[PDB]
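Asks: Just need the whole structure built from these sequences, with the hints factored in.
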Amino acid sequence: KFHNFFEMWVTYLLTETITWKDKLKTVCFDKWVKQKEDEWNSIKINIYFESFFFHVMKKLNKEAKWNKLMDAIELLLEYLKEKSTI
Amino acid sequence: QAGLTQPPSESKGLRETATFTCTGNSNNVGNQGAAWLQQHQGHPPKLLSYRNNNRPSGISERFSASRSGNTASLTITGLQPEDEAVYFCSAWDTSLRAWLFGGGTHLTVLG
Amino acid sequence: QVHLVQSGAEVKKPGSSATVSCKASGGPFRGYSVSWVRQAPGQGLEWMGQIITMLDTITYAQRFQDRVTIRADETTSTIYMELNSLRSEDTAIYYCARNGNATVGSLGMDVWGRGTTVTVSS
Numbered sequence: 001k002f003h004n005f006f007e008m009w010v011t012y013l014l015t016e017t018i019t020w021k022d023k024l025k026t027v028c029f030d031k032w033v034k035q036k037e038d039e040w041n042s043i044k045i046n047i048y049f050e051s052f053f054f055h056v057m058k059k060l061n062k063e064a065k066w067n068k069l070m071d072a073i074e075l076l077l078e079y080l081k082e083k084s085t086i
Numbered sequence: 001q002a003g004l005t006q007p008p009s010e011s012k013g014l015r016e017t018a019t020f021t022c023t024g025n026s027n028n029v030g031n032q033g034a035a036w037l038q039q040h041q042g043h044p045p046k047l048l049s050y051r052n053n054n055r056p057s058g059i060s061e062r063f064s065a066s067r068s069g070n071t072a073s074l075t076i077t078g079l080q081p082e083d084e085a086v087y088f089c090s091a092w093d094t095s096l097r098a099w100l101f102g103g104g105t106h107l108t109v110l111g
Numbered sequence: 001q002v003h004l005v006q007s008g009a010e011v012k013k014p015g016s017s018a019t020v021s022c023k024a025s026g027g028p029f030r031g032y033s034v035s036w037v038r039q040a041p042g043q044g045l046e047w048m049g050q051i052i053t054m055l056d057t058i059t060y061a062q063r064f065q066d067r068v069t070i071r072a073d074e075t076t077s078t079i080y081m082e083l084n085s086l087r088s089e090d091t092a093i094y095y096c097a098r099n100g101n102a103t104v105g106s107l108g109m110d111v112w113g114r115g116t117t118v119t120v121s122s
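Protein chains in written order, with our numbering: chain W, 1 to 86; chain H, 1 to 111; chain P, 1 to 122.
It should be emphasised that the hints constitute simulated quantities derived from the structure, not laboratory data. Ideal Cβ placement from N, Cα and C applies to all residues, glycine included. Check the hints yourself; a few may be wrong.
Stated by the list, open to error - Once the Cα atoms are required to be at most 16 Å apart in a straight line, the calculated EDC-like pairs of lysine to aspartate or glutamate come out as:
id, chain 1, residue 1, chain 2, residue 2
1, W, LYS62, W, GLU50
2, W, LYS68, W, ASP22
3, P, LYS12, P, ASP90
4, W, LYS1, P, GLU10
5, W, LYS58, P, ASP56
6, W, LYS58, H, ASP93
7, W, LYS83, W, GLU7
8, W, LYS59, W, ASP22
9, H, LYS46, H, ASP83
10, W, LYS81, W, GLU39
11, P, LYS23, P, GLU74
12, W, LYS62, W, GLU7
13, W, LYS59, P, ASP90
14, W, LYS62, H, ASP83
15, W, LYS1, P, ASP90
16, W, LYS31, W, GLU82
17, W, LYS59, H, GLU82
18, P, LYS12, P, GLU89
19, H, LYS12, H, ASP93
20, W, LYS44, W, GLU7
21, W, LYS34, W, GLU16
Unchecked claim - Stretch-level coverage of chain P by chain H, calculated; a stretch enters the list once three of its residues show a Cβ under 8 Å from a Cβ in chain H:
id, region
22, 10-21
23, 44-51
24, 69-75
25, 88-101
As the list claims (entries may be wrong) - Simulated restraints on C-beta separations:
id, chain 1, residue 1, chain 2, residue 2, range
26, W, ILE43, P, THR19, 16 to 26 Å
27, W, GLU16, P, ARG87, 40 to 50 Å
28, W, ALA72, P, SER85, 44 to 54 Å
29, W, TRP20, P, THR103, 22 to 32 Å
30, P, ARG30, H, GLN80, 55 to 65 Å
Replies: So this is what it looks like as structure tokens:
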């Protein structure tokens, strides 16, 4: 199912964003963000992302980091670009 | 033991604060937290505290929860004589991948 | 505002199979993570299993690994139950409840069902 592929990609993207925000306390992040842009444009609100909460805690059981982390995919990718430039 | 151990019952008077305890291990409660549940006689248990100890909608500010590290606590200040309910602590075990419920203290007001 | 309404109680016999179904509404079906809780009369709750309705991921309890099965039906937005080996002391009121509030970002059994009190007897 292609929608299950989309939701698994977004879940993995959110988990990996949490782990990258954890890893960087401040070059591989820049190459990771572009790695999640060729994917996104190959595929091509705030409430849209809350439905992913439970499936993200399945693999990353951290309420604090998920709360700190917070069309909608372009907003998150712009946030990732802004974090990579800094 | 690896579950959530809770005292069987606690009894406090009216207009008094009630102190709770629910101790687990580094996985059940110490890892992220524990949720507290209000169950009356023959009623579905209403939640009072999330794992981060937030107040859900429909619950007043009379309740309050916290965690002293590897032990969850829930405080009820000024017991209301119609607060006869059994209170449960739940906590997602990360080693067994299970919500673990405690025994559940029974609250008897004195009046 | 997610609502959960619980099916009526059913009287079973030992060795039969029970089916508890509660439908959930109030948002997208993708963002539902309801769990099934057993409470035998006289003592406390006992978590049986849960389903996260996004990628069809069910986690069972250790003692209900080979007994209970949980599935979801996205057309009617219902969550099903099944107990293959019903035994005499498996008498309880069964609840379904999501395990968190996604708007707040916290885990907790927030909204609960009415309860399907399956009573096995003879």
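Asks: Decide, hint by hint, whether the structure agrees.
Replies: Taking the hints in turn, this is what the structure says about them:
{"no.": "1", "hint": "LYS62/W - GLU50/W", "verdict": "holds (15 Å)"}
{"no.": "2", "hint": "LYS68/W - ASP22/W", "verdict": "holds (11 Å)"}
{"no.": "3", "hint": "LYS12/P - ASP90/P", "verdict": "holds (10 Å)"}
{"no.": "4", "hint": "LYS1/W - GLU10/P", "verdict": "violated (36 Å)"}
{"no.": "5", "hint": "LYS58/W - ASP56/P", "verdict": "holds (12 Å)"}
{"no.": "6", "hint": "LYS58/W - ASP93/H", "verdict": "holds (12 Å)"}
{"no.": "7", "hint": "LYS83/W - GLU7/W", "verdict": "violated (23 Å)"}
{"no.": "8", "hint": "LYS59/W - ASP22/W", "verdict": "holds (15 Å)"}
{"no.": "9", "hint": "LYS46/H - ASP83/H", "verdict": "holds (12 Å)"}
{"no.": "10", "hint": "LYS81/W - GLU39/W", "verdict": "holds (15 Å)"}
{"no.": "11", "hint": "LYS23/P - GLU74/P", "verdict": "holds (10 Å)"}
{"no.": "12", "hint": "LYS62/W - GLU7/W", "verdict": "violated (20 Å)"}
{"no.": "13", "hint": "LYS59/W - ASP90/P", "verdict": "violated (32 Å)"}
{"no.": "14", "hint": "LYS62/W - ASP83/H", "verdict": "violated (33 Å)"}
{"no.": "15", "hint": "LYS1/W - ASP90/P", "verdict": "violated (38 Å)"}
{"no.": "16", "hint": "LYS31/W - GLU82/W", "verdict": "holds (14 Å)"}
{"no.": "17", "hint": "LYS59/W - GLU82/H", "verdict": "violated (41 Å)"}
{"no.": "18", "hint": "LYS12/P - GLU89/P", "verdict": "holds (12 Å)"}
{"no.": "19", "hint": "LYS12/H - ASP93/H", "verdict": "violated (31 Å)"}
{"no.": "20", "hint": "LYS44/W - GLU7/W", "verdict": "holds (14 Å)"}
{"no.": "21", "hint": "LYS34/W - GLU16/W", "verdict": "holds (13 Å)"}
{"no.": "22", "hint": "10-21", "verdict": "violated (count 0)"}
{"no.": "23", "hint": "44-51", "verdict": "holds (count 5)"}
{"no.": "24", "hint": "69-75", "verdict": "violated (count 0)"}
{"no.": "25", "hint": "88-101", "verdict": "holds (count 5)"}
{"no.": "26", "hint": "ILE43/W - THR19/P: 16 to 26 Å", "verdict": "violated (38 Å)"}
{"no.": "27", "hint": "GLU16/W - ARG87/P: 40 to 50 Å", "verdict": "holds (45 Å)"}
{"no.": "28", "hint": "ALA72/W - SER85/P: 44 to 54 Å", "verdict": "holds (45 Å)"}
{"no.": "29", "hint": "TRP20/W - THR103/P: 22 to 32 Å", "verdict": "holds (25 Å)"}
{"no.": "30", "hint": "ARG30/P - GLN80/H: 55 to 65 Å", "verdict": "violated (40 Å)"}
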